[PDB]
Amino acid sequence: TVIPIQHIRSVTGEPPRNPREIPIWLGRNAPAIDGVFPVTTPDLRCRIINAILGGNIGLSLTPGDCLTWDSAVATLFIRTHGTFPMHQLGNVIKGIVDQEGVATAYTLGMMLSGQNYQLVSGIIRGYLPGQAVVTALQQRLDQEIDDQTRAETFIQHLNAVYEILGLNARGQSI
């Protein structure tokens, strides 16, 4: 199967120079790549990323580093950033919640933690924008069954609470 690179490169654009932006730039372009061509197998997901980055024999992934589009961005994160100890997760998450959403922080944080709900939930409760948002979101998550459903229904509930107070993604008001 011949991936159509000339089309995928009109959508996406040119990767940034400073290579600690490649992991975040590759999440914002994920939906648009799966528009031009429906990436299905781990194998294609590898091939498409290797082609888009190019002569970086550094950031070249494998069929193990690509089951979802989110395993991939963790594996480029830990190549361009380094491997953190658990007591440094808080600082990294605050970096992402600053540039992108609480929403981006949650998914990437859970990937870098081994899907540790207690830790990541605990850290993000410190960066939500305003006292009313914080208690609001907790009431919603407390009316669920187990800490498994709390994890599936977290992004859902944060977007609901944000609509009420009428905030955009980055916690600023519309």
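Numbering follows the first chain given and starts at 1. What changes on going to the form deposited in another entry:
The residue from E100, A30, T83, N116 that marks the hinge of the rigid-body rotation between these two forms is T83, the others lying more than 12 positions from any hinge.
Of the two rigid parts, the smaller turns 12 degrees against the larger between these two forms, judged by C-alpha superposition.
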Second form
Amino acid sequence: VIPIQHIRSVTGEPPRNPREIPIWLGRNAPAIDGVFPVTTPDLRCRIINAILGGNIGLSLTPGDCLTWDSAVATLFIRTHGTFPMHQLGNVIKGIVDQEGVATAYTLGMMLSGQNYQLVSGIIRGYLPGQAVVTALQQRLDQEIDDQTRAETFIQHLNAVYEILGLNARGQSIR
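Which structure goes with the form deposited in another entry, now that we have seen the form deposited in one PDB entry?
No partner chains or extra molecules come along with it, only the chain itself.
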């Protein structure tokens, strides 16, 4: 017996519009990993199919549930009909206005197969204000390599936002 109700308490009911189901799963995925440990592709497939309830159209098989990124990407092709990387710039722009830059980096990297150069370049255009772009680049440039920059991107954004008095959604205190 998989403990579905604890997982259902963290996630909640699926979104009504089929198009917003892939983004929802990506945002709730880190919290699920902390509350319950998922160690095999088969366990992940059973949890995702139960959370979405009776959606035969969006059912996933054990092969496509190797990593959380693969599961979120497959749901995108079933809900939208296009592979994600073809229109990544538009998808990141929608998340930034509705949720914020930190949500866009996490979901953009899941859909982009962990490509730091493409995600960092697209996000830099939509960062809030000229000062934020210059300050963040200086801090990231000091890091030794692309792997180290990828791990510390969210930590370096939070420090810059705090100095300039911006909330998570980028709205100024003034």
